[PDB]
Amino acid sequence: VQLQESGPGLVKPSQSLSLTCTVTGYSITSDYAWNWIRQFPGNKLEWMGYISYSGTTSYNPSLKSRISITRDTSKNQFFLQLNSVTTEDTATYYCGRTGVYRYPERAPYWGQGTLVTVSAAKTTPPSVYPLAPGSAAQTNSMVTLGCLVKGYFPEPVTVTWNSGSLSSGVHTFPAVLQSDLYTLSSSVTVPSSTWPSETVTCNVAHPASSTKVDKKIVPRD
């Protein structure tokens, strides 16, 4: 058995969010109950509801107002519709399979998970700025450089360094929501003998705007 969620990655505030679970390997009219849960940011989990293989629904009473779980038995799919959404609904939704009765005992089993973000941001490409040390902070045997990727929406963004060649000594921080847009930085560390004598560039791709941009980090003199 294989479960797969699909659906838009952003719904707008006060609108309905819909997600699809397509089941292969198994029939939804056969046996089990077919569930939705979600993982908010900060990692707390919550069960939303299910639809039995006979079409009876049970909904978490905290959502009773706004939830609707339905199914197309033709295409072996079931659906979550969450209405009148706001920011607290930004989460990672999982579909899943549970036993409907207590015997025979069934393992709960989850699909892949799919993020959906609630927001009114239009789609915006990042501004990319080099992060180089003040001229001159104290040198040691190693020197750290960065890239500030500011003001983009939505996620994700991918940062590399000298295309692939700088795997080592690299970190990209998770994005933070500045003012309805996202910002992050990436850090790279290299022998200070080799910089600035060898160029070091960050390549940043923002695929939701078909944006790639390269920044050479140059010394601040």
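Think of the rigid core as the biggest set of C-alphas that the two forms share within 1.5 Å after superposition. Numbering follows the first chain given and starts at 1. First, how it differs from the form deposited in another entry.
For the candidates 121, 48, 96, 78, the hinge between rigid parts between these two forms coincides with 121. When the larger rigid part is held fixed by C-alpha fitting, the smaller one turns through 26 degrees between these two forms.
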Second form
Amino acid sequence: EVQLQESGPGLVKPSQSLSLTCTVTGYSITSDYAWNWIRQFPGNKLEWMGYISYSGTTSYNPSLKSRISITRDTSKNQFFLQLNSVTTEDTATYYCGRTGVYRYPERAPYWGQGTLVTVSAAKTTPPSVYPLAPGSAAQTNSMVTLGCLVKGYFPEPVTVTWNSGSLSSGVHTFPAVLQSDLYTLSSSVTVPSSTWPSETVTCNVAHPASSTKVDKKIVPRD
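Alongside the form deposited in one PDB entry that was just displayed, please also present the structure of the form deposited in another entry.
Coming up is the bare chain, nothing alongside it.
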């Protein structure tokens, strides 16, 4: 049964048009249902933007009436969002979804995974990645804690993993902070003293907007 996948650019300039595509598989967008776009702003508020029905009929949130267009290509089983004249307030995570057109039979709303779109005039920039190893005068415990500082990138997001995802527990990544049109975050991993540096520990940093992947080995300070 049905699957929905949002795709499109992660960064749009103010005053340009934001475009996204939802690729639907397992169900034909012409048979039934309404094919929807919603969004979630930073701060978590949610908004329904509109839909195109299985019949080709649109319904648009009145708050967006001038700027939005939802179209479809029935031969590709896709539907599309266009939002014109964006400003920075259009920065949000955009979801596609399916809802019931008719009241009966009763249908459950079903949402895609969401894709972040930043509206900004700032330039795409890849992160610099720095190791966080303890001062060589620092104390070995039972557990040691290391990390990676991911600095000076734009826009969001970045994903960081450790030893390619093998190290999962004892791991957490802090939300990024924005300064001067650039983001910084770090990530922490905690493993047994007995296993580092004998076992090697590497943070893997991926920044999709710049198509960048970097791996940094954490080496003890001497």
